[PDB]
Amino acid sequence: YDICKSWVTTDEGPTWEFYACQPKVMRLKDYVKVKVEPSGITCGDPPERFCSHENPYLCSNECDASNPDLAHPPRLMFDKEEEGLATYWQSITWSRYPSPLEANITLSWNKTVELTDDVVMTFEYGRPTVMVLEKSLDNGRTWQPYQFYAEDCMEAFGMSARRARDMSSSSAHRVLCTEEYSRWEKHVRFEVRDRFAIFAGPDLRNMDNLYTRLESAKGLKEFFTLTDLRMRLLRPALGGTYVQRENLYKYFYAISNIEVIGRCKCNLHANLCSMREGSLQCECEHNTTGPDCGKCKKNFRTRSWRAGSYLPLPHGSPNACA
């Protein structure tokens, strides 16, 4: 689905032929607007000591937001790292214990995007005991749970622990709770590739079946769609025991990387998506308009707008505006 139109030779002469088309897969973290809340959740204002791997007993490592060499701003979750040098955002220590240590990390695209691979969240001082990943489809006006993470899913959310890998073709779009990334390894994953594998096989060689279901199965493609993601961090790493009240300088969130892989949502009417008026927008084909090619162009409204289709394989139906 790389081609929107092609100049073909028929029994009547040369014409333009139209196909369902999709833009390229991007490094979505490159287009992210980050916001970390609440105010003052990020270490270093005022300067604060913490326990690091190098100094785990004297705990004299300092986070100071006014010193570039000692600051951990949110921008460090999205930079290009050099070998042996992981850079990370860092929260305040759990000095307010038993008050919960909570951080809301919001990722905004101001464009509907489609996940094509796993969401990978990389932690430096242990992965959370409790975290919820949420998604928005209307630019943060509304939020819905997308994935739950807990060391104990039943204790945290009252949900049975399940894997995306254990789902059937009728439940590939189900929001699950998992213990795989929290149970006492830096990566927390939101399993996209495993959900494709339900339809395409674990080798992803049955692409035909996946394109067929992305079309025929209700809410399947919308499941991979979003304008925003939010990581609600609820409880930090506990090291497999109860909180050590004598040393709270030990507990904090440290995130070196958030990898988000996918393409713009162009309703199968565009193979190009780029920055237009300061935000990602589709370069619409098929006589369509709007940022997602969701509407017909002004002088092309003889028929009601339809999205393009992956079907019939391999090029699908363009379902152009007339």
Contents of the next structure:
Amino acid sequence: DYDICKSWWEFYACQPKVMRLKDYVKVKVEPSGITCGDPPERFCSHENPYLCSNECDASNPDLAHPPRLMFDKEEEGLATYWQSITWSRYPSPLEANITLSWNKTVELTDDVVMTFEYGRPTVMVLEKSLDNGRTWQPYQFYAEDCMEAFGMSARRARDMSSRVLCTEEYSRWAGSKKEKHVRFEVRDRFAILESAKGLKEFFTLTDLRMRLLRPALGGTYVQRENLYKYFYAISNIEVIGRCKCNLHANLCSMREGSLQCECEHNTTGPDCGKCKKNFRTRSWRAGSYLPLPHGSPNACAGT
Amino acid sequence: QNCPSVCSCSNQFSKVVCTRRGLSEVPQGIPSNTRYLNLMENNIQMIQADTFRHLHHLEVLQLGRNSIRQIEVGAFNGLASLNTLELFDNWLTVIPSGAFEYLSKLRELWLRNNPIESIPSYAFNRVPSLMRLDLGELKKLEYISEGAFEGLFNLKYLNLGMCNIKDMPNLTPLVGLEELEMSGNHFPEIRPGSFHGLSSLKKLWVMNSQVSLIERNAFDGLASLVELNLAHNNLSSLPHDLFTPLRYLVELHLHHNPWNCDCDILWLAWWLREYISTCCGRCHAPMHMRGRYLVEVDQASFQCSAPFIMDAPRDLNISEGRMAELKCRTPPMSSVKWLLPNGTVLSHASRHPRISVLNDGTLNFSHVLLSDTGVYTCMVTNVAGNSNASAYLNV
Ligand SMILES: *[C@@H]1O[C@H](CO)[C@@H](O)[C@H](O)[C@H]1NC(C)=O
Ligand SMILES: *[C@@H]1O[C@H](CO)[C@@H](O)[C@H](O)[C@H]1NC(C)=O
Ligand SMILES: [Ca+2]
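Alongside the form deposited without the partner chain that was just displayed, please also present the structure of the form solved in complex with the partner chain.
What follows is the whole complex; the chain from before opens it.
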């Protein structure tokens, strides 16, 4: 829609191509010691408490489950997952914070889909940061019982008007082969050019965080006889979107360890938010979609 | 003597891990010291005869998550120490009954998540040592024989959940079964005949099975019952004195059920306060009780009716060999027992060869004998009180 920056010089507003954001992500798995392997632990099934086939050993590469496995490219049926320790510390809660750091403002275009192995969490939160982790705001609350976990009324993103809500649709126990996804409905929220300030800003972020509070319980309350059944396991976190270049770039690449806009229209900075050094006669203006189809470039100019 | 190239051994030499490889066949040089062998996440399609013939110390054989379609007769030969055989997540359409030949020390057989089409008669009979059997997630299962679980004298755990079972299989030969997992099937009604011959049963799980009604005296035969899970179903009430003959029942899962909190739950609300907080869930009806936990439901603010015998049994004059009925129309949730002239008491659970108590309370005879003469009393009980009504049966 808005791909070409320059032609024939004549300038137009431009956006970078939609990327698979998990390819350029930095991970923070808090607290220290939550990841399985040190010491080694044997995991049991909720469907069969005696079926304890899988083990996690950090010393062995075949048995290890590091955080990086939540973002790697996967072959047909060969799923790789990050796994947490068993709920051996019960009644003390089994809590984990998975932080997705990009060090760059990224705009979401599709649903944030989290793929869990052997059970989705009973209680979890999805949060976003626009200032590299300084301030945090919630996207959506996930609970089996929304009123018991957060004291919020269970609402569906499907039944919404032109808001932070708690959903129960991604927390129920349906086995280890069925219902593996927890998703943030980006496309449905957008479905409700627009010059609204908060609209584009809502899907914009530098970081994403998953506050995993309570694991899969297998349909019922916790049975103290076998705590090796309770854990977290994430095979994939699919984040789909593009770079925020303020309609001044069509390419976003890895520069100095993180993503950066390949700035056009005589602009500079990570998000092309400032005028370049010799082009500062007019103050920086962000490019606009209006008028269609090319849009206003709003380029920085020199003497 | 040494570790295979496609495998990873351990200092003990006890453990041999051969996971996440493109193996279409089992490695050729597995050491004889091996106690635990891992062969998961591979493309193995067939287990040939005498494959593990020289692994006499092997305790755990992990063949789960593979493409196993055929298992030969002598595939598990020389496995004298084998305790656990994991064959889950394979392409098996038939149970390899011949393959489980001389496995005298086998205690655990996992066959879950397989395209197994049928459980034939006397399957697993060649392994009477078996204590734990997992036949869960059998989506392509079309047939279960009456004698399928025959020969399993020492079985203590059975998992037959997520098999889309519509009617209960014959679990009578499993005389010493202590744990039964039937969750994820389809049983709208739980009958006393459903769990007949399960005297030693301690744990019963019937979750996500669309259970809408539990018949009178259904669990009466389950004397040893310790744990009962009926969570995630369509239950609104439970029959009066359902848990009374269950002297050892201490763990209950009754949550995620649309409980009707009227005079009919009062017996349960008392039972849980005297024998058991987050175990039983909340009232979904009536509107004044909606949201309250059934453990917190107080009988102090309840006005109840004693059992109403709407239709008392009528006197019958019948000839020998004919079918006779003594009706007793009572509220469906009430407790119903019949006092015969000889002095014996019958319930809906009773296995009398001629006289049967139906779920509507009516006493059926099938064929009457000369000895069936006297007074038959319909005894009805509730939380509010009791009611009795007699009838004279002539010839
Ligand atoms: C998760 O993050 C929150 C702040 O958003 C912090 O207060 C909490 O202690 C963290 N929990 C863990 C286990 O790191
Ligand atoms: C049953 O037989 C007795 C006589 O033995 C008679 O008095 C009574 O009315 C009969 N009842 C019915 C329903 O036939
Ligand atoms: Ca992965």
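Definition used throughout: the rigid core is the maximal C-alpha set that superposes within 1.5 Å between two forms. Numbering follows the first chain given and starts at 1.
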Comparing between these two forms on the rigid core: C-alpha of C59 shifted by 2 Å or more? yes
After core superposition, I'd like to know whether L107 moves between these two forms (criterion: C-alpha shift of 2 angstroms or more). no
